[PDB]
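Quick heads-up: it's one chain on its own, the form deposited without the named molecule, in structure tokens.
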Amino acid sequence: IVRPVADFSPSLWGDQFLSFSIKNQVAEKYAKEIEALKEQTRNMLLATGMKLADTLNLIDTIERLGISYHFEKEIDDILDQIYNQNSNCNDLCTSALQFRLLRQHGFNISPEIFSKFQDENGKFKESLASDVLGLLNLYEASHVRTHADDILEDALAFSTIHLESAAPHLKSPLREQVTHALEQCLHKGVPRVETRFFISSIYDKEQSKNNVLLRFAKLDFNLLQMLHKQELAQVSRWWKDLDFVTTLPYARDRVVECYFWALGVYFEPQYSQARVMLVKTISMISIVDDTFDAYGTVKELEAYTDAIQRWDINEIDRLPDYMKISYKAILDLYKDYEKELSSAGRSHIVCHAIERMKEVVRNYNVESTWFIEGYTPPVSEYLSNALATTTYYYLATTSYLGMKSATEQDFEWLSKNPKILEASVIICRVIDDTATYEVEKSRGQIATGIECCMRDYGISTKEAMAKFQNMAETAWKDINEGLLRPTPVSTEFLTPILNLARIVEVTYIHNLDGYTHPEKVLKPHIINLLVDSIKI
């Protein structure tokens, strides 16, 4: 058997993450001061007799600074009051901020709040074009709409064209904020990534900044970063000890990039165990992917798929030596999960992740069959197979394992493929398909998404990519609707699914595959979140 030649770039990080020794004197000093600053900030939130505009701005600033996870109760109480008082008598800036903050927190505020800013045709009044702070907040709001919000159909186009026009003459750091916003909206960004930018590039440079909030945000970011580096060091040692870098050299070595994905799903300290479990799964399923895509023969892949369905160490002998390596590591990993969840009495929930893993591998094997046979399915059949091979049903299920408050009922809801999950999966599928079309096309893949779409509808590549872009827009509207109260499960279990969709948008920005090619997209983010501290 002549296997194909290896083409993936090596890990660009070497061993720089493998050892991190926390300085306990500094961590304890930071924690002590943060406790003091946390209370000052709580009192700012609970202050009586604030005007609406000032209250919304305080909440928005605390959220962008990345410290709102300390004040979930206080912020919820305030927005719930604002929602029920239903105030509709403010300028564009305050109205658009009100709309976005309420919708992001699940309060279904009516979009009729914008009618006073439009003419008889439902088009925004052009006289608003000189109000830059109003336009910026309208721009950010336009990204949180559902299918019931067609009154906002024009908001993105209107605000974009006039912010573009105004930007070159704005003072700093407003100019940098507007420019950044036009490249990456707040609602679809990765929270730690957006926070790092706002703290260092914008708030640190505002003349009017609150010194208490800024010091709090810097110390908190840097203290959480120490924990993230300990976790990554622990995961790096785990990866090193497995040594797939030398025994399975055909596969991508990307454990740092996998950790960035897990950090995007949740960053808070209470999800430390969940992050470490999630990153080990992403790493391991990535090995399996490479095995199907660029090494194993048709016959070997059939054996691998059947052995996964049986999930039994007795099956290893049916497999080639190199496949024995990964099969045993997979079975071991889930045994580790069961043991790790044992003192909390939650060992039994591991089977949910295992069943989603079997589904991914079955569909990998179908994808391989289609390739060898030269089959181009209709779009409906393509999607019935290819949605699972995003791995996103599996990752969402895995993200719940280390969450102590997740119950059997939560897994039951997820297992039925609810709408919000189906939407996040669709976004991953169609964005990856648009980004990777030309590459896979040169490698002879006749069953690529854009290809199936062109043959099915009988349209051009350009038209097919546009149809896929519409599918993604429909899916974002479905995610936004899925966050609205009453929710079918706690909001705690919805945010990971939203954050999986945000990771798609950030990774394939400017239409390029960032995970296989971390140099352009992901490398700057990894440096800013895991190498460089914020200077105080």
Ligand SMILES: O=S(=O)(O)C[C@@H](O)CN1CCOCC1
Contents of the next structure:
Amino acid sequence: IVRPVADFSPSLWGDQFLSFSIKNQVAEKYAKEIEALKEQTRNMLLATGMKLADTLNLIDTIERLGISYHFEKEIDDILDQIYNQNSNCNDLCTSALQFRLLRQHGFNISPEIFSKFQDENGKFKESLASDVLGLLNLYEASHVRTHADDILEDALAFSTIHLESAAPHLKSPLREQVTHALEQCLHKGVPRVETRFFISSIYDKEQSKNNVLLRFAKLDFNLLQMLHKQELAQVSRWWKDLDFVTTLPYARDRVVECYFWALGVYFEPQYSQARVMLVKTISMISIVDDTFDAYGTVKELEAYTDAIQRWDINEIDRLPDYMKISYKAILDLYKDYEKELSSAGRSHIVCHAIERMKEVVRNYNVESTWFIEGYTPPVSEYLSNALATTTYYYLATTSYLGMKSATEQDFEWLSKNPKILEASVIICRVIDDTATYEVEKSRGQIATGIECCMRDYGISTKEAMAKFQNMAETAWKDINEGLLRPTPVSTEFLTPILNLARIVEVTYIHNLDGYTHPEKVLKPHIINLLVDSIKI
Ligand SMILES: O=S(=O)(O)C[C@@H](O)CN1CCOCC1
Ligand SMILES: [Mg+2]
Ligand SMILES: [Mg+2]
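Could I see the form deposited with the named molecule bound next, after the form deposited without the named molecule?
Below: every chain and molecule of the assembly, starting with the one above.
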């Protein structure tokens, strides 16, 4: 058997993450000061007699600074009061911010708040084009709409054209904030990534910045970063002790990038165990993906797929040696998970992720069959297989394993493929298909998403790309609607699904596969989040 020649770029990180020794004196010093700053900030939030605009701006700043996870109760209380008081009497910047913050927190505020800013036709009043702060907040708000918000249909185009026009003449850091927002809106960004940018490039440079908030944000970011580096060290050692870099050299070596993905799903300290479990799964399924895509023969992949369905160490002998390596590692990893969850009495929940993994692998094998047979399915059939091969049903399920509050009912809800999950999966599918269409076409993949779309509807590549873009827009509206109260499960179990969608947007920004080629996009994020501390 002649295997195809390897082509993936090596890990660009070497061993620079393998050993991190926390400075406990510095960590304890940061924690002690943060306790004081946290209380000062709580008192700011609880201050009586604040105007609506000031209250919304304070909450917005605390959220962008990445320290709002300390104040979930306080912020919820305040937004709930604002939601139920229904003050519709403010300028564009306050109205748009009010709308965004409430919707992001699940409060279903009416989009009629924008009617006063529009003419008879429902188009935004062009007289608003000289209000830059209003336009910026309208821009950010436009990204949180649902299918019930067609009154905002014009908001993105309107805010964008006039922000672009205004930008070159704006003072700093407002200019940089506007320019950044046009590249990456807040709602669809990865939270730590946007937080790092906001602290260092914007708030640190604001003449009017609150010094207590800025110091709090910097110390908290850097303290959490120490935990993340410990986790990544622990994960780097685990990966090193598996040595797939040598024994499975056909596979993408990307455990740092996998860690960045897990960090995007949740960054908070209470999700430490969850992050570490999640990154191990992402790493391991990536090995399997490359095994199906770029090494295994038809016959091997069949045996591998069946072995995964039976999930039994007895089955290793049916596999070639190189497949024995990944197969044992997979079984062992899930045994690791079981032991890791044993003292909490949550071992039994591991079966949910295992069943999702089997699903991914069945559909990997279908994809391989289609490729060999030269089959181009209709779009409906394509999606019935290719949605699971995003791994996103699987990763969302995995994200719950380490979450201490996840119950059987939460897994049961997820198992039914709820709308918000389906939407996140679709976003991953269509954005990846758009970014990778050309290269996969070159590699002979006749069953690529765009190709299936072209043949099915009888339309150009351009038109198919556009249809896929529409599917993504529909899915984002479904995600936003999925966050609205009453939620079917606690919001805590929705945010990982939202964040998986965000990771798609961030990783394939500018229509490129950032996981396979991390140099352009992921490398700067990894450096900013996991290498460089924020200077104080
Ligand atoms: O080819 S897709 O299925 O469109 C995208 C997936 O390959 C992404 N991997 C990267 C690492 O996490 C698991 C999935
Ligand atoms: Mg693949
Ligand atoms: Mg692909």
